Structure formats: C-alpha cells, structure tokens
Amino acid sequence: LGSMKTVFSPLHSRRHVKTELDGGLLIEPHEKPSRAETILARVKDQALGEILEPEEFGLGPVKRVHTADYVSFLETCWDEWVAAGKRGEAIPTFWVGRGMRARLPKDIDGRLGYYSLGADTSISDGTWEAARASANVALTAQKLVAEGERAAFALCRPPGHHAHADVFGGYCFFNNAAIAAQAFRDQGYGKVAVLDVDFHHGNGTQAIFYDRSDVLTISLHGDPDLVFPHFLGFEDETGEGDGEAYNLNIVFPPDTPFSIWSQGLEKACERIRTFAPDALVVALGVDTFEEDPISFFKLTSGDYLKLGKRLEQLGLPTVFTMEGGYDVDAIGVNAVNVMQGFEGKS
Amino acid sequence: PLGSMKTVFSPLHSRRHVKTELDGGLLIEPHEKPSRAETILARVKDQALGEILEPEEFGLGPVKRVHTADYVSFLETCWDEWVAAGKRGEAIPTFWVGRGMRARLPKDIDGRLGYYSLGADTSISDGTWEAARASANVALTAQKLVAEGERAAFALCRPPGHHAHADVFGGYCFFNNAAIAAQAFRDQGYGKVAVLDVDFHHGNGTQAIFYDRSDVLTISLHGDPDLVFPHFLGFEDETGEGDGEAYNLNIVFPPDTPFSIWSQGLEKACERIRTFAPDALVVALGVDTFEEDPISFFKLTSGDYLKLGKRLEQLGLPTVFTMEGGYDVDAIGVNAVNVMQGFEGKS
Ligand SMILES: NCCCNCCCCCS
Ligand SMILES: NCCCNCCCCCS
Ligand SMILES: [K+]
Ligand SMILES: [K+]
Ligand SMILES: [K+]
Ligand SMILES: [K+]
Ligand SMILES: [Mg+2]
Ligand SMILES: [Mg+2]
Ligand SMILES: [Zn+2]
Ligand SMILES: [Zn+2]
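Taken in sequence, the protein lines are chains A and B.
If you're matching positions, the first sequence starts at -2 in the entry's author numbering and goes up one per residue.
If you're matching positions, the second sequence starts at -3 in the entry's author numbering and goes up one per residue.
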C-alpha cells in the first residue's frame, strides 16, 4: 500500500463557535473542532503517511483568489461586531435582497450581510486565525505536490468550497481548493481541474473560475432545487465568456446510492480526461455518507475506498482539501478511506 | 374643537404574535409586538379622534396589483410548509441569493424563504398570513373612506408594510399597505399619487414597487442607509429608472438629527409634491423618528408630531395615513395620534 502525507494545523481549534442558526433556532454548530481531531486520529491509526504542520504563506496566495476588501473584513469583523455592542456571535441579519444594490455600506451589520450568503456561519474570536491556518494547510499540501509528491491531504478546517471571491457562508471563509488551484497556475501548471465530491455544490469554486478556461471546475452534489446552496449548482451553468464549457455540475436527487453517484463520477472523470489538466484538486466532503445529518445521499464507508481508487486512476498530481462530513463518529474512517483507496486499499 | 378623523383597526392584527427576532446574534423578544397597535388604539379612543371602524374584506385582487402571485402564494403556505418540513423554531431564513448567485426560485421551503426575504429578523408563524391580509384590508378600507369623501383616514396597520417589495418580505413587513392604497387610488381614476414615507427607515419596498413609474411619486426621509437598515437602498442617487426617472426622492439624515433639521427635509419633500401636483397622498407614518426609539437615531419630540400633522394638512390633499414603525411602546400612542390631531388642527 502507498503512503500519503497529511498537513494539519492545531490552530483549526481557534474556530470554536457556540451557535448555528438552524430551523429557526440557535443550535450547537455542525462544523465542530472534533471533526478535524477525529480525522487526524484515523490518519495516525492507519499510519497513512507523514503528518506535518503548515508553512506560513501569508496573504499573497489568498489574495490571488479573494478580494482585498473581503480579506480585510474577515480580519476585522469580530472586533467591529463587539465594538458595536452586539451580545451574540456575529451572524448576518440583513442582506442584499433581490431588487437592492450590491453596494458596500459602513455599518458592520450591513457589511456582514454584503459579504455573506447565509446566516448559519457564525463568526467569533479565532475565526480569522483558523481560516488563515486552513488556507496555509491547503497551500502546504500544494507545495508538497508541486515539489514531487503524487498526492497530499490538506486536512482543512474550516472548509472552503462555498466561499466566493468575496462571500462567506456554508461554514467556509477562504476557498482552500481554489487557493490551491490558483497556486498551481501561478507556478506554471497550464491547466488545473477542481473536482468537488462533497454532497453540496461547490458554488464558491464555480464562481471564482466561472469565466476562465484554464481551471476546469466540476461538482457532484444534491439537487439545489432541494438543498443548499439553492441558487447555484444547476446543470445549465456551464461557464461564461472564455469559461463557457469549463464548468460542469452533476446533480442527484434524494436517496442517491453509490451505484448511481459513481455514474456521475465517471462522467466527471471523462470530462477531466478530455480537458487533460496538469494538476487536480479534489474538494473532498464525506457528507455523501448514508448517516450524514444534513445530506440525503446513501454512500457507505466502503464506497470511499472505491472513490479513492477511481481518482488515482486519473494519473494526475492531486491535492485533496477537506470540506464537509458531519457524522463525527464516521468522518475519520470515511475521509481516510478515500486516501487509502487512492493508495491502493481494497 | 378639532376636526374628526376616522380610524380603521382590525383585531385580527394580534394573530401576528411571533416569539423570536434575530438581533445581534441572539433570539430576542420581537420589537414589532401587538401592544403597539393596542397602545395606539387606546390613545385614539382616549382622545376621541373620530369613528373607529373595522376593515372591509377586499380579497387579494388589490394586493396582487402590487405583489406578485407567487409571493402571495408563498406567504399563505410558508408556515404550513415549514412545519411539515420538521423545523422546530419559527420560520426564519437561513440562506439567500448571495452576490454572484442566481435569482432562481427553488422548490425547498428554506430556499423559498431566502428567495423571498431581505432579512432574518422577521419571523413567520401561524397567523402571520391572516394578520398581513387584515392589515392590507385596513389600508384599503382607509383608502375607500377617503375616495368616498373623507378628507383623511388613519389606517392602523399591523404588520407594517413599507419595507416589502412586490415579492420580498423583511423589516417586519409583508404586504406593502402604503403601495396597495396608492395603487387603489390609481385604479379608481386618481391620475397621480404621492407616497411620503416619514418613518425613520427608508421605504425601500415602496421605492422598488414604483421605481420605473412616474404616476406614483415616492419620497422617503430616513436615516443614512450607510449606517442603518435597510443598508442597500435609500441613497440620494436613487432617483428612479426608465419612465420613472426623477420620480423617486430619497432624503437622508445622519445620527442625532433633530426636528429643526429633519423639517428642512420635509419642506423639500413638500416642494416636490407641489410640483408633482398629485390627486391623492399616502403617508407611510412611522414614529420611530422619536428621540426615545430603540431602533432609530433621530431626535423628534412628541410635540413635533403635532407640527408634522399640521404641515401635511397644508398640502391640501386627500390623505391616507398608514401605520409603519414606532417601537417605544410607551409614547407610540401619543406620537402617532399627535400627527392625526395636528392634521385636524390641534396646537
Ligand atoms: N443550519 C443550516 C444547515 C445547513 N448549512 C449549510 C450546508 C453547509 C455544507 C457545508 S460542506
Ligand atoms: N433585529 C434587527 C432590528 C432591525 N430591524 C429592522 C428595522 C425595522 C424597522 C422597520 S419600520
Ligand atoms: K460537490
Ligand atoms: K471554469
Ligand atoms: K422614511
Ligand atoms: K416612482
Ligand atoms: Mg447596525
Ligand atoms: Mg431545506
Ligand atoms: Zn457539504
Ligand atoms: Zn421604521
């Protein structure tokens, strides 16, 4: 069996929010620190490969994807919120409704709404530090692969694939997969593919590269007619301008099992083959699991070994970025199964 | 003796009685509470302002002259769909059409909730549909009273309406009562209508509804949206579009603005109404301009509302007043009724 290195930062635990808006109530958040700790423990248990901490790349590579005003806002948001006298965690209350102007206001409540797409992603002390560490985790995995590793596992937390150039949400702040893909491009890789196997549509990644033909973006996901993110992810979204034909969405209905999901995976792999990229980023979520509380697919733990094996057969330099997966008990087995299948297990 | 003004009030407003409002990251007791309407009604009775009438039922026809059919359907079914989907809190949006996403109506109730909203502070629960319907009938009954010969009528609406677009709810508003009354004037043959929004917040819904039209002049005085709700409309450069260019007027004020400066804006609005020469006037009346209001930063005094009502009467127009905001429940009755009493000649 092969080996794969994992990048992990203990600084993820700086993000430890207490509240998530869900069904009209404030609940304990789904995207909790134990997710990364459970995955880490399985990486060690299975001796997957070397575990390393990230290097500090600074904001340069983050700002190749995200706007400067957005990066500034994420660093100051919590200070601005506390200073304005709010007593809860930072949660948007108002946003740019249909018919309103996409215009950045001065007030923190208006700024919060301008930069968000949902109210379930509370911001509090340590969110900036954790988001910075997570992007460095992704950049460190990309450096490992650029320097010669076939693949590397970026154990990111918070996840990234829902963040736009200048919008946070879906538990995401910096788009780690897009940051890694752009780093490949800046280092001379002519074409990069990003494949999103998380249950939810990678709307941030789609938006970031939507008018570009040098980065192919593909996502398999639950039908947004029915699930988050609702307002992107449909199969008719194929790109715009030079990017037309360089975005591919593959949608599935409730209770979809691996036997059908893997048919979409095969279509994605055929699209990657014709694109013929120089590097692959896989935005990996295991909320496709049959026990996941906020998804409706029916993948089993053994199916992740099959997924990893199929991804290896693409024969590409591959960075895996950790996205979702919210049955905390099974998240380690399921995520590491993808890496182990990539390395030849089962 | 003062003149008399009839008030329309529906006991059905108390069907809207939500338990939660998102505020500052917490779920708090809602500001827009039933005691607001009961405190105003009590003052109307105590001051013997005039006859108090219950509304007539107009149906959804006049509502759909302003609001889209799909939005009206959504508001009727939202609570039933929410409960059927197994949610345990009140109906509050969690996700919406972010910048860069598609304005596309989805099937799921969370998606529809976000599609049709501009904020998460406006919980929906059982009775919200019924209360919003009755509130629109209150505005239409006041409009009918004026069209049948009354100089003015006070529509004691709850919930308020001026933040609702043709197909967006928010800011405690569901049906835009002021816009519905204005459109009723137009449909009845009044050639030109002015809607004057003196609530502390921008009447963004009213502006949006009539934004490409010149037959309805919309004017709002309000706190600077750089600083306060609704944040993304209400700026002075928003003057209308298409055939409505120059028929929307936003007058913006900064924190701590007193009546001595606010009334300069009111004179500007009155001059714009004069040149427009409308056949009827709807006043979207909020008294959250009051110095003690917790949701606002202007400094009007109770006596200033007498002056406001007097000045509005001097426009010489058939006038419907629709109740909007005002959240210091203690003085909301004095302040709102002072506008009507000042209009009828009090001090
Ligand atoms: N309380 C809202 C639950 C849904 N949250 C959005 C889905 C996030 C997927 C992240 S991979
Ligand atoms: N919890 C948010 C408080 C702000 N709510 C918007 C202001 C509504 C006044 C409209 S008349
Ligand atoms: K996906
Ligand atoms: K693309
Ligand atoms: K106003
Ligand atoms: K207009
Ligand atoms: Mg504010
Ligand atoms: Mg849903
Ligand atoms: Zn997910
Ligand atoms: Zn108001």
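Calculated directly from the structure, the hints in this document are not laboratory data.
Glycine included, C-beta positions come from ideal geometry on N, C-alpha and C.
Any given hint could be a false lead.
Label-pair ranges, simulated between beta-carbon atoms [what the hints assert, rightly or not]: (1) B:311 <-> A:56: 38 to 44 Å; (2) B:20 <-> A:99: 23 to 29 Å; (3) A:69 <-> B:20: 54 to 60 Å; (4) A:325 <-> B:31: 33 to 39 Å; (5) B:267 <-> A:66: 16 to 22 Å; (6) B:231 <-> A:65: 20 to 26 Å; (7) B:20 <-> A:56: 25 to 31 Å; (8) A:256 <-> B:82: 36 to 42 Å; (9) B:311 <-> A:123: 55 to 61 Å; (10) B:211 <-> A:162: 56 to 62 Å; (11) B:242 <-> A:15: 47 to 53 Å.
Computed footprint of chain B on chain A; a stretch qualifies when at least three of its residues, placed anywhere within it, have a C-beta under 8 Å from a C-beta of chain B [unchecked claim]: (12) 86 to 92; (13) 107 to 116; (14) 216 to 226; (15) 319 to 333.
request  = Would you list, in rising numerical order, the hints stated earlier that this structure does not obey?
outcome  = The structure conflicts with hints 1, 3, 4, 5, 8, 10 and 15, although it agrees with all the remaining ones.
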